[PDB]
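Coming up is one lone chain in structure tokens, specifically the form deposited without the partner chain.
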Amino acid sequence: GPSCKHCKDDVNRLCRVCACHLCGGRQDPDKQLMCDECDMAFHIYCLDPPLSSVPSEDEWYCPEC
């Protein structure tokens, strides 16, 4: 127990560290990206520009990187 210290897995709270690093929402994992060199996660639709769908180039890098 617990995998993330910051929100303490409290699904009722937001977390940019363990969840979507922009909205901090936990929905739609299928639609989240992990920046291979920042390791945080991103809703394809929270991006800018936002992506209509996941990239195929299975190695993604966040806008922070």
The other form holds:
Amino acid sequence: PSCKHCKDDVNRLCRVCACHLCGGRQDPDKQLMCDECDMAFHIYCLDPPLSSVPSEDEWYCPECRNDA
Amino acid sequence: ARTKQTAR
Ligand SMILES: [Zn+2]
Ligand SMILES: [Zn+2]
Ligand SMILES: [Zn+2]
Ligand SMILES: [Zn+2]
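Output the form deposited with the partner chain bound next; the form deposited without the partner chain has already been displayed.
Let's see the whole complex now, leading with the same chain.
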């Protein structure tokens, strides 16, 4: 299928092709795409969780972001 | 930021 880990099964979790933290496919409008690793993250799964999608051009996930 | 899907 498109994803060899979950075989695209909508009823299966997948941290590769869906939210990298929870594996959920819901709310794609709230899944930020990391501008380094291209993994998806629900705004609400992040720590800290964000109440809305950031305005800035680029976004980096917890695995890729530089130390603050 | 990019999202998996956008309103537009
Ligand atoms: Zn998958
Ligand atoms: Zn990871
Ligand atoms: Zn999630
Ligand atoms: Zn990343």
